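There are 2 protein chains.
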Amino acid sequence: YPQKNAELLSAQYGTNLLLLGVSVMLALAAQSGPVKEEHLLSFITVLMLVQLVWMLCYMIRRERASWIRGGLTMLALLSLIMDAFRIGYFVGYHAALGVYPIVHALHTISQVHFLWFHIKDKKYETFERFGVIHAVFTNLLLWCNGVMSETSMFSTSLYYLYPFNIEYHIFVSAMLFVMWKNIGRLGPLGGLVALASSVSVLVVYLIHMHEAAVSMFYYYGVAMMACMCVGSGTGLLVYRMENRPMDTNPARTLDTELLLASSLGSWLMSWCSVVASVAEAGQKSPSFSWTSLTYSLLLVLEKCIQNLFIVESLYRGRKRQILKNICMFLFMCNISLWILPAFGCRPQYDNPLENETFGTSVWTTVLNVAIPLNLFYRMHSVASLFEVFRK
Amino acid sequence: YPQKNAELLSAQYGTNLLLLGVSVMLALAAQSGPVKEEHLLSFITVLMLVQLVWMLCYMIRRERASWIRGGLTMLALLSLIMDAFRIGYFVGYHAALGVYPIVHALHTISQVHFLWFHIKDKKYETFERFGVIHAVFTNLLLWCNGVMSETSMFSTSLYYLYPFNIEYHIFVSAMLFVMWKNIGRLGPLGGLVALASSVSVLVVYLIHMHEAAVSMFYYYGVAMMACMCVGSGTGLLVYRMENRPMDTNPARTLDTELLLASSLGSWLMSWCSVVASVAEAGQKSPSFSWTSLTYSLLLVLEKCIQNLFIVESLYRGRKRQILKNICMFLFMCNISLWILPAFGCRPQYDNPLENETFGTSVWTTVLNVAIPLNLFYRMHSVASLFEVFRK
Ligand SMILES: CC(C)CCC[C@@H](C)[C@H]1CC[C@H]2[C@@H]3CC=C4C[C@@H](OC(=O)CCC(=O)O)CC[C@]4(C)[C@H]3CC[C@]12C
Ligand SMILES: CC(C)CCC[C@@H](C)[C@H]1CC[C@H]2[C@@H]3CC=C4C[C@@H](OC(=O)CCC(=O)O)CC[C@]4(C)[C@H]3CC[C@]12C
Ligand SMILES: CC(C)CCC[C@@H](C)[C@H]1CC[C@H]2[C@@H]3CC=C4C[C@@H](OC(=O)CCC(=O)O)CC[C@]4(C)[C@H]3CC[C@]12C
Ligand SMILES: CC(C)CCC[C@@H](C)[C@H]1CC[C@H]2[C@@H]3CC=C4C[C@@H](OC(=O)CCC(=O)O)CC[C@]4(C)[C@H]3CC[C@]12C
Ligand SMILES: CC(C)CCC[C@@H](C)[C@H]1CC[C@H]2[C@@H]3CC=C4C[C@@H](O)CC[C@]4(C)[C@H]3CC[C@]12C
Ligand SMILES: CC(C)CCC[C@@H](C)[C@H]1CC[C@H]2[C@@H]3CC=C4C[C@@H](O)CC[C@]4(C)[C@H]3CC[C@]12C
Ligand SMILES: CC(C)CCC[C@@H](C)[C@H]1CC[C@H]2[C@@H]3CC=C4C[C@@H](O)CC[C@]4(C)[C@H]3CC[C@]12C
Ligand SMILES: CC(C)CCC[C@@H](C)[C@H]1CC[C@H]2[C@@H]3CC=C4C[C@@H](O)CC[C@]4(C)[C@H]3CC[C@]12C
Ligand SMILES: CC(C)CCC[C@@H](C)[C@H]1CC[C@H]2[C@@H]3CC=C4C[C@@H](O)CC[C@]4(C)[C@H]3CC[C@]12C
Ligand SMILES: CC(C)CCC[C@@H](C)[C@H]1CC[C@H]2[C@@H]3CC=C4C[C@@H](O)CC[C@]4(C)[C@H]3CC[C@]12C
Ligand SMILES: C=C(C)COc1ccccc1NC(=O)c1[nH]cnc1C
Ligand SMILES: C=C(C)COc1ccccc1NC(=O)c1[nH]cnc1C
Ligand SMILES: C=C(C)COc1ccccc1NC(=O)c1[nH]cnc1C
Ligand SMILES: C=C(C)COc1ccccc1NC(=O)c1[nH]cnc1C
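Top to bottom, those sequences are chains A and B.
When you line the first sequence up against my numbering, it's residues 1 to 391, in that order.
When you line the second sequence up against my numbering, it's residues 1 to 391, in that order.
Extracted from the complex, chain A is given alone in its bound form:
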């Protein structure tokens, strides 16, 4: 069977799968069509079952860097803890919402065991193509279901565990698509101050009275992003002074594309905040404050300059010390900016300004898309910054 024929048919089957899923979600979004949620959950359950059957055959036939695998395993284990909580709820409160968690837990176990023990190889190329493309778009549809459906201890625990589930499904979908295309072919002192201020702000918030806490969160974010922009810009300036060939790797290219694709969520969130801020300021209202406009423009500019710095640092006496201290300072700053959203410091959802401009559903869906991508971006940047720091 010709290779191109399969590279094309696999892609068409996968795209049709995604568009059928999107069609069912559109029928659901209406809320007056016959299509109800349990039909979507059943569709995705069938799409997870087929993938389990495929991976089972694959493991039957197969018998006859670490940063991305450890990240996938830890996000899959958080997703599994969430599923265990959902199975416990179902058992206590007893149809499709009981059978979904169990096929989801089996799907995550099989998918971790597959990603870990996968071997690149040759006779079975159509099988691998159609199965990886099924896995990619089943994980995308699961990401979409999570983003659309999240709009005693069973309510307090999901709040903390949903971002990692959504981030797990988009991440594994990205890695599986990357695997499809290739078938058949002083700085420490500042860093510590950053970590301490982060953990403090988080404890303060989660103990909380509350408006002062969110104000403290925004002031922290603004100061942190300003000093980060300064660090990355000084790194770029030291690069521009020391004119070097700036030439030469698939891994480096994947890293660049992931680093720039993980920022779409935060950029959308920042531009929604800026649009709401200027719209409300047009009314000549007392509500307009410059700590949300500044914090959003600094979000945009900080992740732009950081992306530029990391990419220029990967494709490339006092300059060596200056780059070491800049890389360590940004390492610790990105850790400090990852700990806040991860540990429940997500105060954006209750913002009354973007809830009144965009509506509660649109704002919470934008945040559900953005905050998981933000966590991924921050920790991918931490990995890239350590890799730069070692060179």
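Hints are computed from structural coordinates only; laboratory data are not their basis.
Hints should not be assumed to be uniformly reliable.
Cβ pair distances, simulated, as ranges [to be verified]: (1) B/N182 to A/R252: 45 to 53 Å; (2) A/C57 to B/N182: 41 to 49 Å; (3) B/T73 to A/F343: 33 to 41 Å; (4) B/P352 to A/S197: 54 to 62 Å; (5) A/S149 to B/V46: 36 to 44 Å.
All C-beta atoms in this analysis are idealised placements derived from N, C-alpha and C, irrespective of residue type, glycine included.
Model the placement of chain B with the ligands on the given structure of chain A, informed by the hints.
Below, chain B with the ligands without anything else, positioned relative to chain A:
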């Protein structure tokens, strides 16, 4: 200035431009936010003005195949006729809706004159990068505005001219993105029967009483897509019999990717129709008919087999006659299937089944995304089929 630095900053600026536009459209979609339509029209007017300023500088500094250019010129001239109609309306019925049509007409004139007389070149690479990426995302935002806002003779003419405007903006955006990435680097008898039946069905419909006309449209489409699937499949079978190396071009790759990206609209439309059909059939209702389910599954399968055939025909005595007659038959069938939507035979919008399942706004937006892409697909396939027919 390093090249990568610019390839990256251009992409980040363009992505931020797109996300700011999407944020303004989200603020508009709510319908209760301060953001009203004239603010979007003004944003896009600024984004067209900046592009005109860029192209003016570019033409100042520059002094010191044909299928895709003729297609762009003819779709730009239809868009210009639409803009002339809008300027005439404004003049008769007299703020932002008057200044938008005129900057849009200037933008289309400048953009045609730019695409025609563009030269690949070297000192000014950052300028070209930032300007082509501005053009790509300004054309995308114009596509989005058209798709979202279309949801005496000034009402009858836009109905016929809007699909070509939307198709023009997505097409020119695609070509400009393709231009960005490369900076600094018997069958005739059946075919005639097809053409005659098309023109007949169209005249019948536009003269119309009406339910029989839409039924005739669906029966025509079903028979035509069945015989097309048979033709493409027989071509693929003749290929599979004659085992050939099936090896070896940038143009061929662009053609394949455009041919498969133009089908997303039709596939989404077909899967929405299938989801609505099975949802209504679940109620055990008398409305369920198999001429909409069949016509949708045939849409999906026909464009899959056609894509496969064209791609296998580009990357590659009675077999030669059989392939000539198959290519000519599909040439004329795709012309017959392009003439119906182009000349006003668009009966999908008034479908009560997908209007009740998905809602009128979601269905009309899905059709506004799909029917322009469908026209592009059909005529791109006609071009590819003639190119195959000559070899
Ligand atoms: C591989 C690439 C495309 C990245 C993955 C992203 C997609 C999976 C996204 C892109 C656009 C998304 C769609 C865009 C908007 C909608 C409409 C939304 O419903 C409404 O807006 C309801 C409208 C109403 O209020 O009536 C439901 C989700 C859906 C289908 C989204 C589902 C997920 C999609 C396909
Ligand atoms: C994952 C990477 C590769 C791409 C991310 C691109 C995002 C900018 C896209 C993808 C999904 C999109 C969302 C898909 C669906 C929705 C829900 C939609 O609102 C509803 O569905 C509510 C309807 C109602 O309340 O009646 C508003 C737009 C939004 C947030 C979309 C905004 C644009 C998003 C976030
Ligand atoms: C370069 C690639 C991404 C192709 C180009 C496609 C994008 C320009 C599309 C993909 C998803 C689209 C968005 C997905 C859904 C929405 C939500 C829609 O508003 C609602 O659904 C309102 C929700 C409600 O009812 O409350 C307005 C358009 C918007 C922002 C879309 C704008 C155009 C987007 C960004
Ligand atoms: C152009 C190529 C490269 C990609 C095409 C992908 C499409 C499948 C995406 C892009 C734009 C998306 C649309 C963007 C916005 C909308 C409008 C949205 O409905 C509303 O905004 C209505 C809100 C209301 O009525 O309150 C429903 C989903 C839909 C049609 C989205 C469905 C998925 C679409 C067609
Ligand atoms: C080892 C790696 C993967 C980290 C694991 C973190 C685990 C231990 C975390 C993640 C989410 C957490 C839960 C989130 C919230 C609640 C609800 C509260 O009323 C009791 C504690 C409980 C139930 C937490 C227990 C600890 C928990 C399960
Ligand atoms: C609604 C969302 C999806 C809008 C954004 C879609 C498009 C414009 C985005 C999505 C991801 C983006 C890519 C992500 C990363 C890279 C690698 C970088 O070295 C050059 C730019 C490039 C190649 C980007 C180009 C623009 C891009 C393709
Ligand atoms: C691997 C990483 C990402 C795991 C992160 C797990 C985080 C979210 C977990 C670890 C310990 C957890 C806390 C443990 C106990 C409590 C006390 C309880 O009364 C409220 C929830 C709260 C405050 C939990 C919140 C979530 C928490 C901070
Ligand atoms: C030369 C190429 C680009 C094709 C051009 C086609 C032109 C001539 C077509 C496209 C749309 C057409 C218009 C669409 C509908 C109407 C409204 C009707 O009440 C009078 C005729 C009028 C005003 C048409 C005149 C002819 C028209 C302008
Ligand atoms: C809502 C819409 C955008 C969903 C679809 C998005 C993704 C999955 C689609 C959009 C366009 C698609 C590409 C279009 C064309 C080609 C060239 C072909 O030789 C291999 C598949 C490939 C490379 C497709 C892969 C899947 C793809 C990237
Ligand atoms: C280059 C190609 C795509 C141009 C296509 C232009 C098409 C849409 C134009 C050409 C001539 C036009 C027709 C000319 C005259 C009339 C009679 C009028 O009472 C109703 C509109 C109607 C029936 C027009 C409909 C649109 C039309 C068919
Ligand atoms: C030991 C570890 C790296 C795990 O730390 C985590 C804990 C929870 C969630 C995610 C991650 N890690 C990541 O996401 C990561 N690391 C590098 N690249 C990515 C994408
Ligand atoms: C991190 C993300 C937002 C994931 O985005 C995706 C979503 C669905 C499918 C694929 C991808 N990512 C990619 O394909 C990619 N990223 C880098 N290099 C490639 C080839
Ligand atoms: C002489 C012509 C080709 C023009 O015919 C048209 C008329 C109206 C609208 C579009 C087109 N042509 C196309 O769209 C085309 N041709 C090849 N590739 C594409 C994308
Ligand atoms: C025909 C379309 C649906 C256009 O889709 C787009 C929309 C916005 C920007 C770019 C593209 N198309 C591409 O980038 C493309 N198509 C083929 N090869 C490339 C490199």
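- [ ] List in ascending order the numbers of the hints, as given earlier, that are violated by the structure.
- [x] Per hint list: 1, 3 violated.
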